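Please model the entire structure based on the sequences and the hints provided.
Spelled out from the first residue to the last, the chains are:
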Amino acid sequence: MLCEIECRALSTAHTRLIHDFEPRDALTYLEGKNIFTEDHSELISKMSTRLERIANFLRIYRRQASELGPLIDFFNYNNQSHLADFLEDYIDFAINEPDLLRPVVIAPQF
Amino acid sequence: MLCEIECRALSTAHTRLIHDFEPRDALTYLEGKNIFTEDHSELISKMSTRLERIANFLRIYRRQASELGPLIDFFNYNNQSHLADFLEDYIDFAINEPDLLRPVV
Amino acid sequence: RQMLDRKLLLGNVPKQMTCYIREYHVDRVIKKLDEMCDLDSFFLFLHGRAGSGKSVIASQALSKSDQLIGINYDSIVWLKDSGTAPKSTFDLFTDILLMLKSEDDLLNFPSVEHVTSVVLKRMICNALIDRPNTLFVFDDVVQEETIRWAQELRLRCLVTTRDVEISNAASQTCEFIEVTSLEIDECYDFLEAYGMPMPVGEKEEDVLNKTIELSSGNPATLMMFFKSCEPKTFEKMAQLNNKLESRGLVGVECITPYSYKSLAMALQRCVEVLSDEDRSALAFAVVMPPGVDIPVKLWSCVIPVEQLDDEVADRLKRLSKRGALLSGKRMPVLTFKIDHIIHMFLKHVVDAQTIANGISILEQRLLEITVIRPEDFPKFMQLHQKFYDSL
Amino acid sequence: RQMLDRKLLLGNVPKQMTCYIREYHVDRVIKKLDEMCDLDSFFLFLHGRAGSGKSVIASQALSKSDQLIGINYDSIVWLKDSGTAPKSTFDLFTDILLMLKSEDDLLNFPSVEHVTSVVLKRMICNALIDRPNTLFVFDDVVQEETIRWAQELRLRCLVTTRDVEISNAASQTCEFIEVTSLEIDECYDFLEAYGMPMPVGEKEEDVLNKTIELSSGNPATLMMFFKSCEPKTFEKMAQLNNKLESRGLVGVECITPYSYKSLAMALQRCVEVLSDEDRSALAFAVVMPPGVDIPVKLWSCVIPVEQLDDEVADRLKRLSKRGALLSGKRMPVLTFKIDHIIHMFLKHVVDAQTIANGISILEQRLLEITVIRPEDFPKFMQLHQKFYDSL
Ligand SMILES: Nc1ncnc2c1ncn2[C@@H]1O[C@H](COP(=O)(O)OP(=O)(O)OP(=O)(O)O)[C@@H](O)[C@H]1O
Ligand SMILES: Nc1ncnc2c1ncn2[C@@H]1O[C@H](COP(=O)(O)OP(=O)(O)OP(=O)(O)O)[C@@H](O)[C@H]1O
Ligand SMILES: [Mg+2]
Ligand SMILES: [Mg+2]
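Protein chains in written order, with the deposited numbering: chain I, 1 to 110; chain L, 1 to 105; chain G, 112 to 416, 424 to 487, 522 to 543; chain F, 112 to 416, 424 to 487, 522 to 543.
In short, the hints are calculated from the structure, not lab data.
If a hint is listed, it holds; no wrong ones were tucked in.
The following label-pair restraints were derived from C-beta to C-beta distances:
id : chain 1 : residue 1 : chain 2 : residue 2 : range
1  : G       : 215       : F       : 135       : 47 to 55 angstroms
2  : F       : 236       : G       : 151       : 32 to 40 angstroms
3  : L       : 47        : F       : 342       : 55 to 63 angstroms
4  : I       : 1         : F       : 265       : 27 to 35 angstroms
5  : F       : 264       : I       : 1         : 25 to 33 angstroms
6  : L       : 67        : G       : 215       : 50 to 58 angstroms
7  : I       : 106       : F       : 220       : 36 to 44 angstroms
8  : G       : 215       : F       : 236       : 34 to 42 angstroms
9  : G       : 366       : F       : 220       : 45 to 53 angstroms
10 : F       : 216       : L       : 99        : 47 to 55 angstroms
A virtual CB, placed ideally from N, CA and C, is assigned to each residue, including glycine.
Structure, rendered in structure tokens:
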């Protein structure tokens with residue numbers, strides 16, 4: 001499982017994961033890095049709308065991974081690096097520099 | 001682009017690159033050795049906090065250089081040699097030996 | 112400012128008052144809430160007398176600043192407690208399970224009631240992962256068991272109550288904001304806001320004053336009185352005040368937004384919960400001058416029960439804490455004061471005969487053998537003869 | 112350190128205390144548990160007196176060291192027992208079946224009511240596969256049937272209980288850790304932790320040892336005394352001790368993180384479970400010198416039932439091994455002692471008549487032709537006349 005920090009990130013960066021993203025694109029990369037199952041990919045892969053595949057990808061994902069690695073190491077490869085960069089920035093304004101998360105990486109999207 | 005070794009180094013020696021360093025100091029030396037662009041230096045040069053200029057210097061850098069040379073050859077000149085020495089030590093405990101950690105504990 | 116309203120409505124939060132607002136307090140209930148974000152599982156208590164206006168302030172404190180919802184906390188859950196039965200502390204959480212649930216699967220709602228607590232509790236903290244930093248408002252807590260569970264659920268919530276003792280059972284730190292009686296200057300504003308014959312004449316000013324006195328700043332009962340001004344006349348206000356020191360809130364009772372049309376109906380509940388032996392102590396505390404700073408010994412005279427006359431003080435402190443019925447001033451000397459509002463209700467609901475005997479006992483113990525000092529003058533009935541003759 | 116909290120919360124484990132933490136013990140409950148990682152289906156008993164603080168220590172022992180959860184055991188299941196009915200030992204396991212179950216299929220959970228014991232038991236050890244490394248905490252056992260269930264299913268257990276004899280039924284791994292009365296030196300720290308005024312004047316210091324002698328190291332009723340001392344002054348403490356010598360624990364009774372407002376309310380339950388004939392023995396213990404090492408024959412005088427006076431001692435041993443109601447020593451001579459707390463409990467509970475009756479019986483057997525030696529002077533010893541006067 002993740003936690004409040006790693007799940008708060010998937011939620012904060014949600015206005016964005018809706019405008020450009022697709023869970024079908026990540027299913028192959030995750031059945032692989034060992035974080036899914038052949039029913040998992042079935043469940044998220046056959047979904048009429050994308051907000052469905054997205055809400056199932058973010059639900060299923062928060063349970064399966066020991067951390068938020070194999071999803072930054074994916075928006076990179078998928079030419080959606082403007083995404084994996086935002087999330088890695090957010091994970092950094094928490095461990096090393098505390099406090100700075102709310103003024104810097106949280107407010108500019110109110 | 002770099003790779004996992006050269007990027008694992010910029011990450012391992014990260015507790016340090018936060019306590020004493022500054023991307024403004026290196027921008028001139030890198031627009032020069034041909035590894036940046038006048039928008040690159042603009043993007044990292046106008047940043048309110050340093051952890052911003054640092055995270056952008058380490059993101060932008062990992063894409064641009066064919067290797068991790070023009071950053072050891074900089075902490076040297078910048079009186080921050082205690083840095084370029086740590087990173088050159090790390091690149092050596094992998095360049096001169098074919099053995100590390102495997103998938104373990 | 113349109114997303115809030117979506118979130119407010121769905122969290123069952125009432126609309127804030129707009130005509131008149133206790134800014135300082137609303138502005139003090141928002142501040143303390145902002146200070147608590149990183150810290151998880153916290154209690155904010157708005158302890159106050161019955162109808163002291165606590166619940167309205169939570170409506171406003173979550174309705175003025177839009178930061179509280181969206182910026183500081185993602186969602187809101189506002190649930191009214193008012194639980195007295197032992198099943199109530201469990202029933203509240205069943206209503207807090209479906210609240211937290213999705214619009215989908217309210218159809219598949221199971222018999223959660225026929226499920227054990229260890230399941231309702233686990234079942235809640237199992238779905239609570241959906242919403243992080245969730246704020247829960249618990250309008251009107253009477254019992255303490257809820258807190259016991261909540262602390263087992265590592266929960267953070269705002270709390271409107273008339274008592275404060277429950278925190279002792281709790282052990283995760285707490286903060287507090289007391290809804291005091293409406294200050295004199297403030298009241299005026301409240302009236303003007305609601306529109307009242309503007310105070311202008313002397314005898315009238317002196318007549319408008321009397322009004323507040325009886326209410327003694329209780330917002331709810333300051334509303335319940337204002338609604339008795341159909342003629343919109345200060346003269347009428349005088350008339351009502353006169354009716355009060357005789358008939359009591361009963362005559363001034365009226366339909367109001369508040370839960371209790373009559374404040375005596377509210378305070379009832381504050382007199383039932385009261386410790387039984389402690390209940391007696393209070394019951395004989397209706398023989399003292401209203402709104403007067405009066406000594407402990409002078410009280411030792413009417414109150415039931424060696425140099426343990428301190429027992430009088432213990433009752434007066436507990437009674438002042440539970441329901442904030444009483445109030446004790448530490449300095450210069452340990453003295454309490456039966457607020458007119460806290461005084462009239464008891465007077466009308468209790469036994470005059472008890473008070474009569476009570477008054478007798480008072481006089482006796484007094485005989486014994522704003523700077524009042526009956527230390528050397530305990531036996532001073534005439535002092536409040538105006539009050540005593542009433543008995 | 113964020114994965115634990117996930118695991119603690121889901122295993123329904125309460126938050127560990129922080130103001131005051133025991134050590135040696137917590138460090139002795141962890142050690143023995145590590146030794147038994149290889150061992151399976153073992154019992155750890157935190158046998159101790161009531162309100163003596165056992166349950167809090169399990170909260171801390173599973174909350175300080177993160178190894179216990181993750182390193183030594185994979186998951187935690189902490190369930191409060193408190194079962195008295197015969198259906199209770201079955202009901203506990205129904206709550207331990209859903210605990211062990213998945214978040215999925217709590218909605219599809221069938222009716223355990225129809226499920227029989229052979230089924231609930233088989234049904235549990237059938238799903239227990241998906242949890243090989245699982246520790247179960249059974250806060251507050253007061254029965255043995257549960258121990259039998261555990262022996263049957265081959266299972267691991269931390270156990271908080273007051274009565275230690277329950278383990279006799281089982282024939283598996285059994286170790287023990289006793290939560291003693293808080294030592295004198297320790298107490299100080301506890302109060303210091305709670306910011307109790309610091310001892311300064313000899314007279315004020317005089318009070319210090321006394322409350323302890325009274326509270327005989329009972330954390331709960333120490334917490335209760337603290338909830339009482341709002342003034343926070345040694346004077347307050349003295350006054351409360353006074354109330355107690357005149358009001359028992361009722362005087363110190365108050366709301367607290369304890370499920371119980373009064374300790375007498377707790378100990379009740381320790382006097383109901385008692386063997387009918389053992390109940391009497393306890394009931395007469397009131398007429399004894401409190402916190403005093405006193406001989407068996409001395410007790411033979413008040414206790415109900424020839425050379426077989428050993429039976430009286432038997433009663434004293436059994437009574438001492440059930441919630442630690444009694445306390446006895448072996449050397450120099452077989453003697454017991456009625457902890458001040460239990461003595462007060464007895465005094466306040468037993469028929470006002472019996473107290474005199476018991477002392478009368480003592481007198482009836484008081485005649486015959522710390523190094524107390526009444527073996528040679530029992531007939532003519534009244535060293536506890538002080539206490540005797542209390543009767
Ligand atoms: N700011 C306010 N503006 C207008 N009316 C108020 C205000 N505060 C209190 N009242 C009066 O009190 C009634 C509700 O009182 P409120 O619920 O705010 O007090 P309370 O402390 O919650 O009492 P309880 O604890 O019994 O819920 C309203 O119907 C109104 O008559
Ligand atoms: N380490 C501690 N720190 C603070 N309070 C304590 C501590 N230990 C015991 N207490 C007091 O005892 C109460 C709970 O006692 P606890 O549950 O630990 O004892 P217990 O042996 O479980 O009693 P029972 O067997 O009846 O459950 C707390 O509310 C607190 O007042
Ligand atoms: Mg209300
Ligand atoms: Mg307990």
